[PDB]
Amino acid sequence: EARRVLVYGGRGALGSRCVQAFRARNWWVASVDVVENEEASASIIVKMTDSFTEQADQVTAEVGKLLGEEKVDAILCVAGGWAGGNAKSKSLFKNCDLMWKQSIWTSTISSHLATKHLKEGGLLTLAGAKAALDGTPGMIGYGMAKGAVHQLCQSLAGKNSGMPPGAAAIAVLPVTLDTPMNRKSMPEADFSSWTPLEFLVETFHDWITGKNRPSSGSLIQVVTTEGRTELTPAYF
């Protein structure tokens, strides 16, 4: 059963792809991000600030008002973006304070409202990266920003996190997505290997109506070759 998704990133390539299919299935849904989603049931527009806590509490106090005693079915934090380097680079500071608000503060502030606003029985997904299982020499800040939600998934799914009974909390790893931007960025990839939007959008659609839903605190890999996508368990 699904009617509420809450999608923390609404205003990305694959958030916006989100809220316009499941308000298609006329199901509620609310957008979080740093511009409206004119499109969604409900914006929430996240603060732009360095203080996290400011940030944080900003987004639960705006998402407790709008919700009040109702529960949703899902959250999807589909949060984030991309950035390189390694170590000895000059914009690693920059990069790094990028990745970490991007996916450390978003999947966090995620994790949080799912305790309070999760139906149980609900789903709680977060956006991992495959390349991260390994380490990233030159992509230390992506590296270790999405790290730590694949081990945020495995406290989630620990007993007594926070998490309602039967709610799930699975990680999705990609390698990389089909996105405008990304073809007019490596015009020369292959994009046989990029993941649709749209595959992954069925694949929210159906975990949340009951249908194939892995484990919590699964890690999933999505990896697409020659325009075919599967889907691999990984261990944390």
Contents of the next structure:
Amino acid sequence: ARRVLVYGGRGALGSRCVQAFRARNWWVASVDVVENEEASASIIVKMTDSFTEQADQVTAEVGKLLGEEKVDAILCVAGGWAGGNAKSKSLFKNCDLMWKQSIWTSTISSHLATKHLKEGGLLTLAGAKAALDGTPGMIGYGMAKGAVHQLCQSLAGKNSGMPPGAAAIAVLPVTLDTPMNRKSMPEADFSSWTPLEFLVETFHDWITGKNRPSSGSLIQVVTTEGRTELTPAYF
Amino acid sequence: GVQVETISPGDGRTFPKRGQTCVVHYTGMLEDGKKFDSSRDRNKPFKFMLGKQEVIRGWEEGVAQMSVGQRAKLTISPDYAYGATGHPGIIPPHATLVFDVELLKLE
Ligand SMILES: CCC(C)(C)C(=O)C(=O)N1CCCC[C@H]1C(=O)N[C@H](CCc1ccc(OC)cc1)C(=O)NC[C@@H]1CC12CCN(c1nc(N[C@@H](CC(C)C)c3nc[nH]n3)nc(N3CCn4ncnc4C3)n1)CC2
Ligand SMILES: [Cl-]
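Same protein, different condition: the form deposited without the partner chain was shown, now please give the form deposited with the partner chain bound.
Then the entire complex follows, led off by the chain already shown.
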């Protein structure tokens, strides 16, 4: 590698990507709701209900930051979590949050990939193993992540706009080992949570061309007793 | 980080908890007093949940100190706000922000 854009660069996983990639002396841009002071450059997204407003603004700012330079990878690691079934009084607000944090971010990242990824470069998208099935207790989350899985399939297709030789791969974890999760779920089996450094080192391998899955892959990331395995799922 | 100054006191006993939703009206200004946004201009309060990384650190620490009905001035250093980069087009680089916040209720 040499240039990476981390979409979600201030989140738990995205902050670790910024740190690790800067430690390798890569140029790293963060796109998030606030800067990442560790990144080479930061782009700050507008809070708005207008998807086109937010998407046009980020696209313009990224285009000005990069100019004609292309990037080796876009790691779209944004996403949150908010729960609730279809009867919940919080359903509509939580769905709006989930669509903004997963659908909007993935879509903008995909467009940026067509415009700015080098030939042979990498786009990662943040899916969820749970959205391979019904998610009755987390309606918005499941819909958003299911949309991202489908988008990954589209990007692998002919004439999607992805550059020659580039790959879009979705990552489908269960739970990541993060400080916020350890304090939110202090009785869980952390040894079934995926270490952030496992994903950072996987991304580094994929960006550099080591053991890179085919475009359109849905890669399940499952940690069992501290050991993480990668398993393809098929849409 | 964040300085909290009381404009008018709250009930002095209902303070937010993690998991509760704070309902507020605010006006945000630059250090020179130039207004950049107000929820009052929309006649609609801003809502956020503490403990969920939903807001700049100065609000996360500042609003947690307020009781229901309090009106407070939060003066927030850049490292507790938008930092060196700022938010181009609305918040300048390394900006100290001042927010007038009224904690209307907890939901
Ligand atoms: C209207 C604003 C103006 C300027 C006029 C204003 O007056 C002003 O200043 N304020 C308004 C009044 C209050 C004071 C202040 C303020 O705080 N405003 C916030 C601005 C957002 C913010 C800023 C610093 C933060 O520090 C913790 C947290 C949040 C607001 O409106 N919050 C409520 C609106 C509903 C959300 C957006 C969705 N949601 C959320 N949370 C995270 N967490 C991140 C990680 C986290 C640690 C950064 C994540 N997790 C996976 N990756 N990154 N990320 C995202 N992204 C989606 C977009 N996107 N694109 C790329 N990456 C991403 C990740 N969205 C929760 C909050
Ligand atoms: Cl579920």
